[PDB]
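Mind having a look at this structure? Questions to follow.
With one protein chain held back, the other chains of the complex are shown just where they sit.
Labels A, B, C, D, E, F and G are assigned to the chains in the order they are written; within every chain, residues are numbered from 1.
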Amino acid sequence: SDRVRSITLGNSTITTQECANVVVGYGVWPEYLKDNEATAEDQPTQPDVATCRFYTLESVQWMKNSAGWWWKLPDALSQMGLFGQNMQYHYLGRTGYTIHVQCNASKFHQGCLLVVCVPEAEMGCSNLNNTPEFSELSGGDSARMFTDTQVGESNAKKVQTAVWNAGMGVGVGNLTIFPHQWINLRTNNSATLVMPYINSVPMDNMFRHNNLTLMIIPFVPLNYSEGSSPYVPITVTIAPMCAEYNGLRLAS
Amino acid sequence: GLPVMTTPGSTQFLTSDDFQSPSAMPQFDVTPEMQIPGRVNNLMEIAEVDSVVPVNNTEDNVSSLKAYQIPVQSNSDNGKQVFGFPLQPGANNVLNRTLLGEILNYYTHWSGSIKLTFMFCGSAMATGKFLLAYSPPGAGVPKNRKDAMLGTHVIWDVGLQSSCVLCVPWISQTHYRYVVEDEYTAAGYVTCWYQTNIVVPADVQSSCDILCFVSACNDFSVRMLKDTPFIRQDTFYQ
Amino acid sequence: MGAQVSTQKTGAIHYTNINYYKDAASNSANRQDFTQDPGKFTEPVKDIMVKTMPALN
Amino acid sequence: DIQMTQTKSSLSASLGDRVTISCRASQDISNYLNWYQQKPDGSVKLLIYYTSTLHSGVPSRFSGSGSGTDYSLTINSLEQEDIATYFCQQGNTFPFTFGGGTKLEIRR
Amino acid sequence: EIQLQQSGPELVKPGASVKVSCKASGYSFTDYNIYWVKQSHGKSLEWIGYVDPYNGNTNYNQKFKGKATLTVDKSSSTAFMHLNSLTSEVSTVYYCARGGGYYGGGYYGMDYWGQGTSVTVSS
Amino acid sequence: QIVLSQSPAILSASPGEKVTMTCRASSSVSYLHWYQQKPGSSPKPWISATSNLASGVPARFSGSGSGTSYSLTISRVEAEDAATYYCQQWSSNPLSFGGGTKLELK
Amino acid sequence: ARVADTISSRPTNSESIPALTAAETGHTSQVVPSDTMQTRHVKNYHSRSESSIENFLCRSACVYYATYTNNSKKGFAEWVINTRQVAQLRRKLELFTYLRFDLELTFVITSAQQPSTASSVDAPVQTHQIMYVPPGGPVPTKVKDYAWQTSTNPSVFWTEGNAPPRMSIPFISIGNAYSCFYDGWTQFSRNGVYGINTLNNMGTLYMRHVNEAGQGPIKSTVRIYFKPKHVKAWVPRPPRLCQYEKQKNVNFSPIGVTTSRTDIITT
Partner (left out) sequence: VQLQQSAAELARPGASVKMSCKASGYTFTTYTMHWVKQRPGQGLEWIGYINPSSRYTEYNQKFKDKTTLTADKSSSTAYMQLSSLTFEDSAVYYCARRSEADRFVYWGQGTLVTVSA
């Protein structure tokens, strides 16, 4: 069938029975760095099964008055296993990902989510003079959430989370130019996105640069009749692909 | 001393000329190229990607996600209209700010066919049939389903395939049309009507939603590059 | 040693170009490199789906 | 709030002379100062929209300066159309605070 | 509006039982859990437990595992709480709150509270 | 279980100055909220998920903190925010309250 | 770059469904109008030549203008080079995440006469100097400074009345492409500044009068024009909706997605 997948990475497997296809990147698959394009001279480390496996994040509840969530994900996996321990001991690192967002409901529920992965998402601040602080931009493996209203300008260091501007001062309907999928509860059950390494340099520091951002935005809100299950969660599992690290030092 | 003679147009600065100029930093060694994913070569492949259109511009839905949601209900009257807007892809405020309509505002002329995809974001136990019409100009906007069936239409049956494409064709007297609102190059109207009803079981909400997407076909083309009317300035950004 | 860059922009004639400076950052703009690869934005999908077939089988 | 203070509130000089109005902040406002001019009929217009950048349509007699906390406004040749009230305004912190006025007049 | 209307004050004897109620209106009742906390006359707030009205599932604090019993009534949108074996430490006030999901939906906290019901043992 | 230790227990302040009101946890916490209880009524839902001011809370109040340490701040202490402020965590551990930092004017 | 042309279509009655698709896959429909109706054979001669990245971006755009006055010590202008102070070139370059181009500078220098008091002011043509200081070099603090020798710094001298001056600048960058957006910090502690200002180290540009101040003052203005050549662009991006507020970041005040109409059926 065209509605089943099975993804195996490391000692973990993901099975699905209602799905669309998988979206691969900008058409390219994650690979390793070649000798033509490298700049750092020491030998990289490639653990490739201790780090390239499916890590599951915290679940969030899709309520009826929900606006959206976001993760950054070099940062979401900064405490996850031996991926987060290789980030601490090394100065450089590069990796691609595969993201599996999963949300099920019955035949009597309705709703629609946009699952988009954007690169280099500078968020905006509520006060027009400052930039937001780190804890407002990302939590480790916990979602930061959009709002259906506007954050006031009396908040000094806070992200402007008006959802229709997507946090970036842009049209939220135009976010379908990045690699994206939809979770329509009528037809779909999960969304899968395979992202390569996208940057302007061949390697980068994984602690002061988040070069991705996963946004999940309800374009059509959740609705059901009285009697059906009111609790609908959303779960995100992310697996690194072709990860390597240079510049071994102390632990930071 | 070779005898020459300078023509008009000498010592002028036209901002769209192609001349060679001496390099300020000679023998500079640039950084070697990398393979970055997602190289764009032409702006007409940005405009060929679907983007959601805000059909529900109703004076308090524009600063909301309700601009994109088209309300659809279980009715009791036949042939009711769902929406309707004129096909001005760079002058009408429905299609003005989309991913296709933002590229058209950098240009003056446009030509080609336009796709319109509709996704039914309702319950899985809901049925329904719709009529997606396009009327060329000369008469008014259609006010009935009987007037709108006489033009280019498609009948959408909802089911497992949740999407349907209405492809409006290029029917025009001239090869190009103006991006700005011109009456000589009007393009027509796009409307939607109930064919049959939305029939739902018990314990299912009778009100659904539809999302709409727009893109360009493989014969779309633009011409006569200009400056967009959307961005503006008074003082320097500093 | 001037290049016959010949084909001019016409509707539906040649022109000549010589480079005078020693750096490649000194030349004119390209202006005639027409390439298109729209399928990496419109079809970024692993399994190829034929247009006439149903998308979900 | 950041209190902007102009300790003069009245200044007098002859025509063709150089005047200097000074505005002082509470803490560091980091060159985000603006200068406005209120004519005696009530109309307000923006003169200098940074420490030293003139708005368009403003004559080049006006000039701004300063850094940190203390700032200045200079009219190097006083005319009859420059007899007005001048306010400073910081744009660093919520809410916007304007300074007090400073009125110009003739020396004798 | 969203309003959680609680019961009135009432006096009990030492060793006796009491049943406090928390009627909620203005919203869909089975979409959110109902949390029960307590507050002494000079002490801080303490958590007792909650109940999910969709299926009647309750989860208790360990200190109140045998002396509190939470029930629900979907027909009239009322959540009850039965207290057992009351001592002199039950000269307190009991609140009911509203939050949805245990910590999947903890972004809002418990955002609508009750009035408070003061009980005591005396003679 | 995660306990929440607030400090100070009693905070005295002149009207018109800047105060700070911190809280510490035993481990990491998913969501942390703040409440205000004036004596004689139910606690009101104030600042939630460590930054978001509730509807009706003045702009003088802000919250911050991440990881283990969390804090609540008043820029200019008005005369009517004399109450006690509790702090609640919503983590994988069951539930906890802080201990009630009390504020009285000086 | 000729566009595709339509083919002749016939009445169909089959089990093939080109109109029905699934938009949840993240894939846009590849249908043409000859699948949903009966068409005729046209042959299109239209081209996509004017919508290339080279044709869209290679036009000169003003990025700044600075003033400086003759009769003053420390009358000279400076500018830290960026492309984020104007509204029009900033929005065009920010449709893409990464860019890589050569430049073509052009300067437009004018002058104006200031109210002196001497009788019969008569000045010759003015010569100007525009010096470029890369990051780390010595900067001038006055007009008759030693730093205007330009032994290694590139500069240009220009007399009024002639054609405007013009240079050509290669792809100067530390990385492999210019970055229009940066989601990160300078310090490893994730404190301090945040955004695109961490990567802007392009240098400073100084301007002065070479002539002496004779008998009346002169106020000059120099406008700077950028023109990207040999352009490569990666990772397209939705265009900016809200108005720009600052130079160093992407801060905005929120706005609606379109303007409103009175109904859903109104035309």
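One rule holds for everything that comes next: a contact is a pair of C-beta atoms (placed from the backbone, for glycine too) under 8 Å apart; a residue touches a chain by one contact, two chains touch by 3 or more.
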item: Sole residue of G:62, G:147 or G:255 that reaches the chain not shown, by the stated touch rule; value: G:255
item: Per the touch definition above, residue among A:150, A:205 or A:235 touching the missing chain; value: A:150
item: In chain B, positions touching the absent partner; value: 59-60, 62-63, 232, 234-235, 237
item: Touch residues of chain D, complete complex, unshown partner; value: 32, 34, 36, 42-46, 49, 55, 87, 89-92, 95-101
item: Chain G residues that touch the omitted chain in the full complex; value: 243-246, 251, 253-256, 259-260
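In this section, only the chains that are shown with their structure count from here on.
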item: Centroid distance [mean C-alpha coordinates] between chain G and chain B, Å; value: 26
item: Gap in Å, rounded to a whole number, between the CA centres of chain E and chain C; value: 70
item: Junction residues of chain F - those touching two or more other chains; value: 30, 49
item: In chain E, residues with contacts to at least two other chains; value: 107
item: Complex contacts: residues of chain G adjacent to chain D; value: 114-115, 219
item: Partner chain G, residues of chain A touching it in the complex; value: 20-21, 23, 26, 72, 119-125, 128-129, 131-132, 134, 150, 153, 160, 162, 164-165, 168-175, 177, 179-184, 187-188, 198, 200-202, 205, 207-211, 213, 252
item: In the complex, chain C residues that touch chain B; value: 19-23, 25-29, 31, 34-38, 40-42, 54-56
